[PDB]
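Novice: One-letter residues, chain by chain:
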Amino acid sequence: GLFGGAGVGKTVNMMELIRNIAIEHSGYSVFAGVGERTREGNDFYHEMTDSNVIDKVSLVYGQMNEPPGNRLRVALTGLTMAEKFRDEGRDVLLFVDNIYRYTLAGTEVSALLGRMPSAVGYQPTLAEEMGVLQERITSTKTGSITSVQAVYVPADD
Amino acid sequence: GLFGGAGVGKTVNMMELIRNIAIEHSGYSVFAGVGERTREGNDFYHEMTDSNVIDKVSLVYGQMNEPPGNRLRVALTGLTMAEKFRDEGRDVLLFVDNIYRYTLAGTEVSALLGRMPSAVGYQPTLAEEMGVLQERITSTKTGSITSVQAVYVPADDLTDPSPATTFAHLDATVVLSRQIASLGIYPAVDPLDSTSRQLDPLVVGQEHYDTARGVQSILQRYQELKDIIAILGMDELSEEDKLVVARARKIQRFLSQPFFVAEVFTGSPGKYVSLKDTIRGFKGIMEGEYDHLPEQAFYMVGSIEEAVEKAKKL
Amino acid sequence: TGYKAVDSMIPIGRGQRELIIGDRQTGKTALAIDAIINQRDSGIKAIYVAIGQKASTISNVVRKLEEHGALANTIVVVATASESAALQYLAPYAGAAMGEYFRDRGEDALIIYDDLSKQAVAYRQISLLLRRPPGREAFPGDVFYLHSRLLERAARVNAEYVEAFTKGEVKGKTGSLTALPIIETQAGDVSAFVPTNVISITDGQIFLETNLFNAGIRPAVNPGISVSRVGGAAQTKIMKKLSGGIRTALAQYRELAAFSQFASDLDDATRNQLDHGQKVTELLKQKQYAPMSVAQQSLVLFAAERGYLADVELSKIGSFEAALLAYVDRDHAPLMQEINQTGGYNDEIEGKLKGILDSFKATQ
Amino acid sequence: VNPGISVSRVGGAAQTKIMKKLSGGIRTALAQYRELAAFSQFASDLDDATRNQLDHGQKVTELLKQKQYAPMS
Amino acid sequence: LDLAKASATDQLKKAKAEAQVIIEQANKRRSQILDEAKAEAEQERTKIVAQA
Amino acid sequence: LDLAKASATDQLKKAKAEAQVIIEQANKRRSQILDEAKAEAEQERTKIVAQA
Amino acid sequence: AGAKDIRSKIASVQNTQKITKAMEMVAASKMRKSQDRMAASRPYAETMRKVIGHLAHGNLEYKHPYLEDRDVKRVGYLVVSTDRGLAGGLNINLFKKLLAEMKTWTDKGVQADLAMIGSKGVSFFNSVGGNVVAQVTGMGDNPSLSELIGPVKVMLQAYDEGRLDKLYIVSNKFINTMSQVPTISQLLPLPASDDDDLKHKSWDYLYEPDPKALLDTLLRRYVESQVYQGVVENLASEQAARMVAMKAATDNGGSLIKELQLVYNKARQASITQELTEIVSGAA
Ligand SMILES: Nc1ncnc2c1ncn2[C@@H]1O[C@H](COP(=O)(O)OP(=O)(O)OP(=O)(O)O)[C@@H](O)[C@H]1O
Ligand SMILES: Nc1ncnc2c1ncn2[C@@H]1O[C@H](COP(=O)(O)OP(=O)(O)O)[C@@H](O)[C@H]1O
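Protein chains in written order, with the deposited numbering: chain F, 146 to 302; chain E, 146 to 459; chain B, 148 to 511; chain C, 368 to 440; chain J, 54 to 105; chain I, 54 to 105; chain G, 1 to 284.
It is worth saying that the hints were derived from the structure and are not from the lab. Just to be clear, a hint being listed does not mean it is correct.
What the hints assert, rightly or not - Simulated pairs of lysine-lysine, DSS-like, Cα-Cα distance not exceeding 27 Å:
#, chain 1, residue 1, chain 2, residue 2
1, I, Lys91, J, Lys81
2, J, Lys67, I, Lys67
3, E, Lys371, G, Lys266
4, I, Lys91, B, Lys508
5, B, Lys463, I, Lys66
6, B, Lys463, E, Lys428
7, G, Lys63, G, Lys201
8, J, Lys69, I, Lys81
9, E, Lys229, B, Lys201
10, B, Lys463, I, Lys67
11, I, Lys66, J, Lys69
12, J, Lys66, I, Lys69
13, B, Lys432, E, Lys428
14, C, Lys426, G, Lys18
15, I, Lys69, J, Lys81
16, I, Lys100, J, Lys69
17, E, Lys387, G, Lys97
18, J, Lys67, I, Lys100
19, E, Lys371, G, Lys21
20, B, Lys463, J, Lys69
21, E, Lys286, B, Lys508
22, I, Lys58, J, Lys67
23, J, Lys81, B, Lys463
24, E, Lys371, G, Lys247
25, E, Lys387, B, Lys463
26, B, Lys501, J, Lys81
27, I, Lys100, E, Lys286
28, J, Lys69, I, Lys67
29, B, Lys508, I, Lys67
30, G, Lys18, G, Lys73
31, G, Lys96, E, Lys371
32, J, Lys81, B, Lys499
33, I, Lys58, J, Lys81
34, I, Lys58, B, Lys211
35, I, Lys69, J, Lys69
36, I, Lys58, J, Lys66
37, E, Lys387, G, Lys73
38, I, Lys81, B, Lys501
39, B, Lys434, E, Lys428
40, B, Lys508, J, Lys67
All chains should be built: construct the whole structure from the sequences, respecting the hints.
Specialist: What follows is the structure, given as structure tokens:
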């Protein structure tokens with residue numbers, strides 16, 4: 146869990162992670178995001194040049210207007226990816242964007258079901274999806290299945 | 146708009162409303178009863194007759210027993226009739242009350258209609274009715290129609306779209322309240338929120354405009370003081386507070402006023418009260434000028450002098 | 148925007164949507180009205196929308212429209228008390244239609260939507276009318292998508308609008324779309340799933356305090372309860388420069404406030420925190436109708452910059468003698484040409500700021 | 368944990384002459400060092416009553432804590 | 054003493070009157086400015102509602 | 054010397070003081086007028102544009 | 001709670017009643033030590049008057065300097081004032097009656113001269129205005145005659161100088177433990193004790209000096225230790241009603257606890273109510 150406000154050099158330190166997870170660590174350093182600001186995402190392509198090391202991680206993005214399934218989709222294919230990296234032994238360590246997008250995302254999900262959803266209509270099993278989640282991320286046999294844990298603050302609940 | 150449920154003096158306040166109404170009446174107008182106490186209509190009507198007043202004014206009469214179909218029924222009669230008058234009499238004017246009867250009727254109807262009641266039961270779309278009619282009314286080129294009305298405040302439920310939705314259509318909001326009743330003021334109502342949209346500090350000047358702003362403050366002033374005064378008693382206060390609460394009991398009381406119609410409800414008639422004086426004494430207690438007159442003399446006060454005539458005697 | 152503080156709290160730029168909570172019968176429509184001062188003055192591309200509208204408010208409103216110098220600087224179609232719950236939902240959809248002919252024009256598109264609840268319970272009496280189980284308040288939860296699709300559009304000027312307008316006959320160019328939110332509720336209730344999720348989407352959130360204009364202070368709003376993300380980045384170098392101390396008295400004054408909590412607790416230092424806090428509090432105001440000069444930006448930077456912290460410290464002399472400094476502009480306001488021209492921090496000016504304060508001695 | 372706010376049906380019912388008998392006076396005395404501490408701050412000068420109690424109960428109170436992975440003989 | 058307080062006195066009050074005059078210059082100066090403003094404004098208005 | 058000096062400074066001071074006091078008062082008058090005048094011009098434009 | 005409020009709140013009312021209960025206790029021990037201590041200061045002043053007469057029968061045949069106290073220009077005055085809080089309202093009782101007496105001197109119209117002791121009425125008569133040639137303040141609980149010295153010969157001038165004919169002397173006291181005596185005196189009277197000045201000193205006391213000196217300074221001693229006693233009793237009153245008010249404030253919050261009992265209890269019922277409401281509604 147990552148709690149901190151601003152001025153992180155999170156992109157800087159990410160370059161230290163390039164300088165680490167890519168460099169000072171070998172294990173395949175992947176990351177992904179969703180729900181950003183358009184040209185500010187393009188400015189994270191600018192930053193992608195700042196680190197320049199963007200080559201470690203495919204660029205796959207949500208752009209939050211993406212519908213709820215669209216918004217909530219990318220992960221398990223992400224496991225078709227660590228199905229390389231960790232599975233590739235080059236330990237999958239992939240940076241993890243957005244919980245509020247994911248928390249609220251599963252909310253909009255079980256809502257759309259009209260089902261008895263989780264409390265306050267959230268995704269009932271979203272937590273079980275966390276059991277599947279950490280269930281995915283382990284220093285593995287294959288390669289350490291690792292993830293940068295930082296949350297779109299589910300309203301910083 | 147006239148808020149308050151009935152029992153609030155929504156009508157009994159509306160009594161003096163008929164007094165000074167008459168005072169200013171001087172127009173071509175008509176009115177009618179709805180969901181009303183019967184003999185109220187009987188002898189009240191017999192006051193119109195007593196006033197010989199029914200001349201310009203025909204009255205349908207609804208009673209508390211009425212049919213809902215009757216209740217909401219008299220509406221379209223209002224429609225066609227106004228079509229007659231406001232056009233015809235370019236003077237058209239009326240007053241009314243207790244519509245929460247009608248609106249409510251629509252609510253019950255919704256599910257009764259098998260229609261989805263609105264959320265928590267109203268006529269599902271009933272606001273459509275609301276701004277439909279509030280729409281449907283105008284002081285017209287056809288003719289200017291001055292009018293006013295009440296509805297039962299839903300046991301004074303504000304979020305009640307009766308009150309909630311109501312805040313929309315009305316130009317100036319009113320409340321017949323237990324507050325000045327809790328205050329025991331001759332009014333027995335809650336103004337403090339009421340907005341006169343016509344009050345422009347240009348228009349008002351700062352006579353009325355300024356005096357008013359001082360009200361907003363002093364309101365917040367003694368209002369605020371309520372807190373810690375409650376806490377420790379009021380001892381901890383700087384005395385200036387006591388100046389505020391001073392003009393609060395005093396001047397606030399002074400607002401409470403003789404009004405001629407009081408004679409009925411309050412066996413004694415009070416006094417018509419002119420506004421220039423209101424600016425005057427407004428200065429006086431604003432000055433705390435007298436400062437001697439009891440809040441009592443101020444309570445139910447006549448004018449500044451009348452309350453100052455008090456201040457001599459009282 | 149018509150308050151000096153308008154900019155001062157949170158400047159911005161094209162592409163942005165900030166919520167401002169609002170107050171019933173407080174002006175927060177009439178305050179909300181009081182906004183457009185600089186906008187009609189802006190004579191720049193904007194839009195606004197209304198549903199279920201009131202013909203009186205319509206009429207007198209128009210009266211202001213002519214009163215508003217521009218009245219043509221932007222257009223609005225009108226939807227009244229009969230505008231369909233459908234149509235209610237429709238206007239937000241509607242704006243983009245030719246709004247492109249600015250945004251696509253690469254011009255700033257800009258819009259204003261209000262009474263969005265009308266679109267919501269519009270979808271409610273729709274949904275119950277649809278006999279369709281909606282979200283709470285009988286309206287479907289589409290507001291997410293409804294304001295996903297709806298809320299998406301705002302596009303700050305950017306040239307991967309390379310097809311915007313002429314496509315791109317350049318027009319290779321920067322589609323600017325600045326969004327104008329309207330946030331109000333009875334009590335301003337965020338528990339609305341609308342106010343919840345919608346609240347999230349906000350690129351700024353301003354709480355309006357009924358308190359100031361309630362006790363009457365003409366500008367009423369709730370600061371810091373008002374929080375907008377765009378901020379004084381758009382405050383130009385001086386506006387950038389001088390804009391700092393705000394939350395300070397929001398602290399300090401209010402911090403000074405805390406001292407009262409113990410009857411007779413104060414300190415001369417804290418007394419200075421009610422001198423700046425409370426007296427500098429006495430400084431600020433914005434009217435029922437307030438324009439803002441932004442050459443007034445200087446007017447701001449005075450109190451610290453000039454001795455106006457002390458100078459004419461009397462609110463009598465603050466309002467009065469300060470207005471008499473507006474005189475000193477009448478006396479001397481030659482360079483303000485080059486100033487509002489400039490709009491940026493340069494000490495070279497700041498000399499003229501001190502000697503300005505001398506004219507303020509002359510201006511009392 | 369909450370001190371006797373945790374309330375077991377069984378308790379010293381199973382406790383022995385040392386345990387039941389010898390070990391008795393706990394929780395109320397606890398409430399003491401608690402309650403004895405209680406007034407101390409606002410109204411002050413707790414005598415060696417509370418000192419010699421609250422602290423004695425604060426001292427013994429200190430002797431209470433048993434870390435994770437601590438069984439007790 | 055005499056020399057000092059004297060000079061200070063005279064220069065002081067002289068300075069005083071000068072100042073007062075200055076205030077007057079600014080007074081009907083900016084004030085007259087106000088009047089003229091009134092006039093021009095008037096013109097603009099007549100124009101406006103004429104246009105109406 | 055001493056009492057003299059005292060009165061001299063004190064005086065020329067005070068004289069300056071009332072002097073400016075008046076000056077500001079008058080200036081306030083020129084303002085007051087030019088205000089009233091401004092109001093008048095307003096009234097004029099009003100009527101003109103109107104019957105126009 | 002209540003909803004989020006009435007209980008967080010009402011609990012704050014618990015912190016309240018509790019807090020001010022600890023106040024009742026604190027200000028109680030305060031009261032006990034306050035009078036208990038407050039009783040001490042009589043002994044040598046008592047002696048002073050006693051003997052003062054005792055000789056002063058035969059001895060009184062000589063001269064009285066202060067028989068006028070100060071000469072008549074002012075009828076003087078004296079102020080003591082609060083170094084602390086929670087005691088009571090002798091700001092109102094004493095400061096009220098004080099302002100009153102002032103009006104009586106205006107009625108007289110003769111001059112009057114006051115001196116602040118204590119902080120508060122230093123700030124009353126500061127605020128309320130007046131003439132305090134000396135201002136003393138806030139010695140705390142410790143009456144000290146030597147502390148009084150600077151004040152002692154502060155006043156001793158004008159009085160000795162004959163400036164302030166009579167004077168005004170105001171001292172709180174605990175009239176009972178319950179009853180608290182705010183007192184105010186016409187000071188700079190000739191205190192005029194002729195009592196044991198009835199019986200010619202029957203033990204003919206060889207007097208190393210002449211009397212009138214000891215009249216001045218020793219008199220200062222008598223009235224002074226008198227002052228230590230009187231202000232002490234002012235402290236008796238002080239911490240007494242301190243404990244009192246402390247208790248009552250400890251009381252107030254209960255009613256609130258009742259109301260919040262109606263928001264958490266009544267709005268408890270209400271929460272239950274909506275629970276039923278949308279329980280049904282979403283439950284359809
Ligand atoms: N900045 C302001 N200072 C003082 N009064 C203001 C201000 N803005 C608007 N008002 C006042 O508000 C009144 C109109 O109230 P209005 O109905 O606009 O309140 P409201 O706050 O808009 O309610 P809502 O926002 O729900 O419509 C006008 O009389 C106007 O003077
Ligand atoms: N101005 C007033 N003076 C005295 N009593 C009033 C006034 N206004 C309202 N009331 C009180 O309100 C009570 C209810 O009368 P009614 O008009 O039937 O209330 P409502 O209209 O709310 O039913 C009356 O008994 C009356 O005493």
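Novice: Each hint should be assessed against the structure and marked as holding or not.
Specialist: Hint-by-hint comparison with the structure:
no. : hint                : in the structure
1   : I/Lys91 x J/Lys81   : holds, 13 Å
2   : J/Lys67 x I/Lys67   : holds, 12 Å
3   : E/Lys371 x G/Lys266 : holds, 24 Å
4   : I/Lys91 x B/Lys508  : holds, 26 Å
5   : B/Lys463 x I/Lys66  : holds, 24 Å
6   : B/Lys463 x E/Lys428 : holds, 20 Å
7   : G/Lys63 x G/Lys201  : holds, 16 Å
8   : J/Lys69 x I/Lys81   : holds, 18 Å
9   : E/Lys229 x B/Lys201 : holds, 24 Å
10  : B/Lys463 x I/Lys67  : holds, 23 Å
11  : I/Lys66 x J/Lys69   : holds, 8 Å
12  : J/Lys66 x I/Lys69   : holds, 5 Å
13  : B/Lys432 x E/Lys428 : holds, 26 Å
14  : C/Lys426 x G/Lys18  : holds, 26 Å
15  : I/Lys69 x J/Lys81   : holds, 21 Å
16  : I/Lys100 x J/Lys69  : violated, 45 Å
17  : E/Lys387 x G/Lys97  : holds, 19 Å
18  : J/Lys67 x I/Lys100  : violated, 49 Å
19  : E/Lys371 x G/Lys21  : holds, 23 Å
20  : B/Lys463 x J/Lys69  : holds, 24 Å
21  : E/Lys286 x B/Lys508 : violated, 58 Å
22  : I/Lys58 x J/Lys67   : holds, 17 Å
23  : J/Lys81 x B/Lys463  : holds, 22 Å
24  : E/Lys371 x G/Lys247 : holds, 22 Å
25  : E/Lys387 x B/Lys463 : holds, 25 Å
26  : B/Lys501 x J/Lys81  : holds, 26 Å
27  : I/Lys100 x E/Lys286 : holds, 25 Å
28  : J/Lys69 x I/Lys67   : holds, 9 Å
29  : B/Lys508 x I/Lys67  : holds, 19 Å
30  : G/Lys18 x G/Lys73   : violated, 54 Å
31  : G/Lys96 x E/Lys371  : holds, 25 Å
32  : J/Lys81 x B/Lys499  : holds, 25 Å
33  : I/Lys58 x J/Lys81   : violated, 37 Å
34  : I/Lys58 x B/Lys211  : violated, 65 Å
35  : I/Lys69 x J/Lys69   : holds, 4 Å
36  : I/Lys58 x J/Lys66   : holds, 15 Å
37  : E/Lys387 x G/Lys73  : violated, 37 Å
38  : I/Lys81 x B/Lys501  : holds, 25 Å
39  : B/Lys434 x E/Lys428 : holds, 24 Å
40  : B/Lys508 x J/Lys67  : holds, 19 Å
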